[PDB]
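Generate coordinates for the entire structure from the input sequences, incorporating the hints supplied.
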Amino acid sequence: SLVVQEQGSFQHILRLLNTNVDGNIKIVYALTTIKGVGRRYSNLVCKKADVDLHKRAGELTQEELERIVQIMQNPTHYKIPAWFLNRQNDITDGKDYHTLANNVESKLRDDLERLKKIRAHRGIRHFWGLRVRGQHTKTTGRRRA
Amino acid sequence: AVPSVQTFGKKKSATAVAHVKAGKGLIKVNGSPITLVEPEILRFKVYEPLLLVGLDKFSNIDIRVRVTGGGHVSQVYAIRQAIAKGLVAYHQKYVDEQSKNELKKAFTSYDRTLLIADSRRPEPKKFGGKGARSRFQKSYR
Amino acid sequence: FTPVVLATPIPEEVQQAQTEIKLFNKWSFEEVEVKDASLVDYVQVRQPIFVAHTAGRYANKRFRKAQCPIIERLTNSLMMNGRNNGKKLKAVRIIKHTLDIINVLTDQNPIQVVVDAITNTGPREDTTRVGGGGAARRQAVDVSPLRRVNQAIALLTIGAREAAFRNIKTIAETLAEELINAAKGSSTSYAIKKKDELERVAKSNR
Amino acid sequence: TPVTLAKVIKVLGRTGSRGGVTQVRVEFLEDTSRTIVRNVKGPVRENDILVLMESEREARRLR
Amino acid sequence: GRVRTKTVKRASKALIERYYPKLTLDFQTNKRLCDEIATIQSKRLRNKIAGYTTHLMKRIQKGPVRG
Amino acid sequence: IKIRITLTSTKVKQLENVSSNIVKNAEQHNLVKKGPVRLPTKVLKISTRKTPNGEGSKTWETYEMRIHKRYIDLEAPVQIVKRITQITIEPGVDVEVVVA
Amino acid sequence: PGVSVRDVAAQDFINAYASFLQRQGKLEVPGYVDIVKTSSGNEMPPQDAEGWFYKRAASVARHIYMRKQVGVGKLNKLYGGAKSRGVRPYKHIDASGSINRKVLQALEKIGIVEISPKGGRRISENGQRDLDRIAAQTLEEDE
Amino acid sequence: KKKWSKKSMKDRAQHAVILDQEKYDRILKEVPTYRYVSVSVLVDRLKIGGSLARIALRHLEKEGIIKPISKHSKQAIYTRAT
RNA sequence: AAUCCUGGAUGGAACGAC
RNA sequence: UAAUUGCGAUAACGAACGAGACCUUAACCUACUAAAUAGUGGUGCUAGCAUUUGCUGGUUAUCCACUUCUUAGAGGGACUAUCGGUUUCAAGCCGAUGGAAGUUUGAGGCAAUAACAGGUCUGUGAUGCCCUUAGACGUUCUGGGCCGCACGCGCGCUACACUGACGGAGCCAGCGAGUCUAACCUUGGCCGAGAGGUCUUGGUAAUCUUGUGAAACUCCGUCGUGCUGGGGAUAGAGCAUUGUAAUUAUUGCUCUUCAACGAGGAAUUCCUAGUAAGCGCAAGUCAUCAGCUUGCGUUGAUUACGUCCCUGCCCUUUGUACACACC
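Protein chains in written order, with the entry's author numbering: chain SS, 2 to 146; chain SQ, 3 to 143; chain SF, 20 to 225; chain Sc, 5 to 67; chain SR, 2 to 68; chain SU, 20 to 119; chain ST, 2 to 144; chain SZ, 24 to 105.
One or more of the hints may lead you astray.
What the hints assert, rightly or not - With a Cα cut of at most 25 Å, we get these calculated BS3-like pairs of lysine-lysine:
no.	chain 1	residue 1	chain 2	residue 2
1	SQ	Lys132	SF	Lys188
2	Sc	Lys11	SF	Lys188
3	ST	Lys92	SQ	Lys127
4	ST	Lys92	SS	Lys49
5	SS	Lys48	ST	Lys38
6	SF	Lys222	Sc	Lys11
7	SQ	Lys14	SQ	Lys47
8	SF	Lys188	SQ	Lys47
9	SS	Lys117	SS	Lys96
10	SF	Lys188	SZ	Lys25
11	ST	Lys84	ST	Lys119
12	SS	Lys27	SZ	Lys70
13	SS	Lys139	SZ	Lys25
14	SR	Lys44	SU	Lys32
15	SZ	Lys25	SS	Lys56
16	SQ	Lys132	SU	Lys69
17	SU	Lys30	SQ	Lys132
18	SQ	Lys47	SZ	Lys97
19	SU	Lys77	SQ	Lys140
20	ST	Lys38	ST	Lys119
21	SF	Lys54	SF	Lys109
22	SF	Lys188	SS	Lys27
23	ST	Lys103	SS	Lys80
24	ST	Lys56	SZ	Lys97
25	ST	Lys27	SS	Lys48
26	ST	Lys27	SS	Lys49
27	SQ	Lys14	SU	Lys61
28	SF	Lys109	SQ	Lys47
29	SQ	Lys47	SZ	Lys94
30	SS	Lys48	ST	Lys56
31	SU	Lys32	SQ	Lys132
32	SF	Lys54	Sc	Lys11
33	SU	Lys43	SR	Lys44
34	SF	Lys80	SQ	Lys14
35	SF	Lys188	SF	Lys107
36	SF	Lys188	SZ	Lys30
37	SS	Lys56	SZ	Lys33
38	SQ	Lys127	SU	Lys69
39	SZ	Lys25	SF	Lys106
These are computed hints drawn from the structure, not numbers from a lab.
Below is the structure:
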């Protein structure tokens, strides 16, 4: 029932983390465009940064934006329970991170490379491009590439 | 003592028992009035006997229903059938027969199931198929 | 009229819809005289109902469904295409919203409107195969009133459904504008278009 | 674009290779005493009413 | 269909040809004397026999019947 | 004394004959009781493929076992209780008496 | 005439009651609120998220007033629901139990609820009168 | 991979999610004379988004320009007050 | 007391035996 | 006629099997028998509000009374009853009335003669023959494999979205299973986000799990036609459980990854009433694992009530160079 008319300070698509984020859609499902970011993490961080989730992304302040960025790239300092993380007890240092736009794929490649140079079964499977989770390969994944 | 009866309406598996007696016109359903059923339209469906016969006949009498079994819709249908049956039995026993029979006539004239239960029962499930009549599928080649 | 009191409270409008008259959900059933004959004795009006939900069994015998209220037939047809099978309650809600809309627009009885639409969109002729074997053709023939009715209803429902598919306009308002275009005769209605198609083909294959 | 109403008086039988069709003899309401034979598509009974888009025709009776 | 078997019809014929000065055209009493006068293992069968006997008596009341 | 007697058998007419002779014995001895409470009989289903091998039409077969359970509450002296434990014994019928 | 919770609609009653408790602002909040889904069978947390603990407490309180005794098992059985296991068919799943457990603990804290014999929890008389008054106000709002 | 169909594209409308003073007063002047009003009305007319239409219906109903007749969620229905 | 009446059918293509 | 089911006709008469009959199950019984391992009402005690009577509840040793609902057991009840038509006017058939039920009431079980060179020696301590019979094809232990994938077929599960998804509240079934020398179904209490863990409890069971408060469903809100908050495969990482052992992930949970898919071509399957279809639940196998089956129930349609055109089936007549029989 409330209707603020508008101001021209609105912006369409913006940029952060080297990602062309689309405005004019609600902030949570907007942020989930980022690689390494899902609905849970996004809703949570937008809650922790003290944001109105009814708002649209393209109508915001750079301060809110950068605070959200900081919370995203440094979660634990803002009281996150450490099991939301996509990469915890990582593989080498045992510290718990949350990999993002390019780091997600880079780390995935690093893991596959590790296993391949290890000559592990999973690594060989990935190297051949087959299925790895123990699925069957008789009738499925035919036109896989 | 009180002039009082107890009847029941039925459905697939939903049963609506209803005690009835002389009272002041309170009409309850397991804890609560008729107006709080919340299909919100089957509400009108269960009003129907009252809407047919007028509410004046309900002033001197109270009803209390306990319902179980089946889904919400079946519960509603059992409810209204039990209601009509209790009203009819009351008008039979304590009131004369003319009121009872014209009441029954009006009910059956609007709808038959308000008094009698529909004998449609679930048919069982046979092998070779998920349901009763349906089979799975035929494969030739 | 008199507003009576009970131990439990009853609203006055429901008291009125109880004793003063038997409505629809909230509409009249009278002054809805069908216009075209030969659909009479096959649409069930003058036997009012407060809701189109009824555990009626017209599927035991042949011509029983004529005594089923047309609105129950509408609700019945609305629940199809898989996921909507059953869920008659939703169909009824949709009917109710639709009638509200058809009472705000074209403020006549929406019941009168839909029955006039039915009478309008009744395919009077239809083609069919007849032959001495390999020598067979699409002979055109006359349609029963019952079949006119069923075909009309199916056409209306399908037009509304295919209109509301994959787009924002609700099933209800689609149905509403379809019924309106059909009641008037517009050639924009899916139903009217199919009807003119069929009758033209019948004319051609005489 | 006129029509002609007719009342059913006598059903004859089913027809068509697939039997989804019915023969009937009707009686015109206006200009009564006129009885024509026709084919029909769907379910039908006596005393029903039909709408000949053309009244001047009739199918090959099978009898 | 609702057709009756030769067992039914034979038994009904026997009962009619040797208990005519007896049972009338009421299904209920004809049943209640059939189960008394003869041995039947099923209520269903007894009812069928009673009904057919009653129909044959209906026939008899207007002229005879062959057999 | 407050005994329960329980009959957990299959052959319903045997169970009924046992219950009947027992209750006439109890009432001619003039003993208070509850009538024979017939618990709702229970069915044991077993659905199996008729065929031993795997081929043939996909047929199934449900073998049933009906079980009828009755029980009675008595207040009765020890001597009548003992002789009753002795008597009214039918084959194919499982019976059990308990006190308190 | 006297009234009960059984004499008022559930949705509006619960709305009024959770509003009353959020206005009262004393009951409890665990701290890990607005972080969970209430159910492994859910996929997103609640949409409001500035509350809803009051709402769940209201629902369970009404439930207890309707019933005699309840348990975390019953509440999980109830508030749980259809899980979407991707491709495999939907299935019933019990809701989160710790949430309802903390709800009941906070309710015993505020004194609306007590522990029952025969296990489980039970309505209090204080809670009885309080809910009666709230329902009175509820069907008073329409005057 | 043969598809066995045609699968043409669409026009891809670009409805608005926010408004402006021009859109707002255009709404305020044009919502009357709409004998029937709802979300699909306010989107096949004015190219606002669905959430905008919801909020705007609520707004107009608040002050009273549109008359509500039924407020079922998933189907809100109003007319013009005259 | 009026009173005129009837019997009737077309039809495409469809190889072979391991 | 559903039917060699009957009326009848009659070089045939009387019989038999099958069908039917029968049995089970589901519906009716305020008529019998009863029942704290099922309910109901009342009386006691007790909570709240109204208070002015009341309403809503709770209350095992408060008892009292009853059995409508629930269970059963014994019986009854429909036989097409009555009426009107139509039929050589018989079998019967159609409509209507009544009736709980009027398509052999509904669905099932049983289900003939004769045969298939159907399938099964991997169920059989059923089995003849042949092979083998101590570096055995016996037996048993380790580890693999039965899942291996460039591809083609069939049973299905998911969806391709607003008749919607998501979040809240709302909130209703029935079928049945369950610990003994075992360790099963688990209530309740605590912890944990969650899975789950843990301390306890009842139960050999109409009693306890369990009202199995299931899901779909409804009311509110967000979303907004954008391969989109649809869809959620493929992957990564981590936390849990079962099991000696999970590594080609057993399975469960969390986060992240978010691909085809925009209603499906030739062809083709099932289906006539509580049925299709949707919606889930139980049991089976089971240490764990349902996307499968067998049963269960909840919501609940359309369209016929006809035909032999296709696919086939039964009887008769006819023709036939056919007889491992139109392949």
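These are the hints, each one checked on the structure:
1. SQ:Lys132 with SF:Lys188: Not satisfied, since the Cα-Cα distance of roughly 37 Å exceeds 25 Å.
2. Sc:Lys11 with SF:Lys188: Roughly 43 Å separates the two Cα atoms, so the pair is violated.
3. ST:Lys92 with SQ:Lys127: holds, 22 Å
4. ST:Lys92 with SS:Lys49: With a Cα-Cα distance of about 33 Å, the restraint between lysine 92 of chain ST and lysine 49 of chain SS is violated, given a limit of 25 Å.
5. SS:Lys48 with ST:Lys38: holds, 15 Å
6. SF:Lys222 with Sc:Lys11: Roughly 22 Å separates the two Cα atoms, so the pair holds.
7. SQ:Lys14 with SQ:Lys47: holds, 18 Å
8. SF:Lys188 with SQ:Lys47: Violated, at about 30 Å.
9. SS:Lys117 with SS:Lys96: Measuring from Cα to Cα gives roughly 24 Å; hence the hint holds.
10. SF:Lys188 with SZ:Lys25: Judged against 25 Å, a Cα distance of about 33 Å means the pair is violated.
11. ST:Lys84 with ST:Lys119: Violated, at about 32 Å.
12. SS:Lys27 with SZ:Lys70: Holds. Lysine 27 of chain SS to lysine 70 of chain SZ sits at ~18 Å (cutoff 25 Å).
13. SS:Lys139 with SZ:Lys25: This hinted pair holds, its Cα atoms lying about 21 Å apart.
14. SR:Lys44 with SU:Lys32: holds, 20 Å
15. SZ:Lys25 with SS:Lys56: violated, 44 Å
16. SQ:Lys132 with SU:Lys69: Judged against 25 Å, a Cα distance of about 19 Å means the pair holds.
17. SU:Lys30 with SQ:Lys132: Roughly 35 Å separates the two Cα atoms, so the pair is violated.
18. SQ:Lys47 with SZ:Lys97: OK: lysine 47 of chain SQ and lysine 97 of chain SZ at ~23 Å, within 25 Å.
19. SU:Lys77 with SQ:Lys140: holds, 12 Å
20. ST:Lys38 with ST:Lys119: violated, 31 Å
21. SF:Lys54 with SF:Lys109: violated, 30 Å
22. SF:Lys188 with SS:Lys27: Holds - the C-alpha atoms of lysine 27 of chain SS and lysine 188 of chain SF are around 23 Å apart, at most 25 Å.
23. ST:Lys103 with SS:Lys80: holds, 21 Å
24. ST:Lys56 with SZ:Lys97: Since the Cα atoms of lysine 56 of chain ST and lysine 97 of chain SZ sit roughly 23 Å apart, the hinted pair holds (cutoff 25 Å).
25. ST:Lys27 with SS:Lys48: holds, 22 Å
26. ST:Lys27 with SS:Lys49: holds, 22 Å
27. SQ:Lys14 with SU:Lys61: Between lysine 14 of chain SQ and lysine 61 of chain SU the Cα gap is close to 22 Å, so the pair holds against 25 Å.
28. SF:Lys109 with SQ:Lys47: Between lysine 109 of chain SF and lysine 47 of chain SQ the Cα gap is close to 15 Å, so the pair holds against 25 Å.
29. SQ:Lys47 with SZ:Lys94: The given pair, whose Cα atoms are some 21 Å apart, holds under the 25 Å limit.
30. SS:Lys48 with ST:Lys56: holds, 20 Å
31. SU:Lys32 with SQ:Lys132: violated, 38 Å
32. SF:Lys54 with Sc:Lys11: Distance ~18 Å between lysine 54 of chain SF and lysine 11 of chain Sc Cα, so the pair holds.
33. SU:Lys43 with SR:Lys44: violated, 31 Å
34. SF:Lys80 with SQ:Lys14: It holds: about 22 Å lies between the C-alpha atoms, which stays within 25 Å.
35. SF:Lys188 with SF:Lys107: With a Cα-Cα distance of about 21 Å, the restraint between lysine 188 of chain SF and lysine 107 of chain SF holds, given a limit of 25 Å.
36. SF:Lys188 with SZ:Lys30: holds, 22 Å
37. SS:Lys56 with SZ:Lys33: violated, 29 Å
38. SQ:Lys127 with SU:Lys69: holds, 18 Å
39. SZ:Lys25 with SF:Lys106: violated, 37 Å
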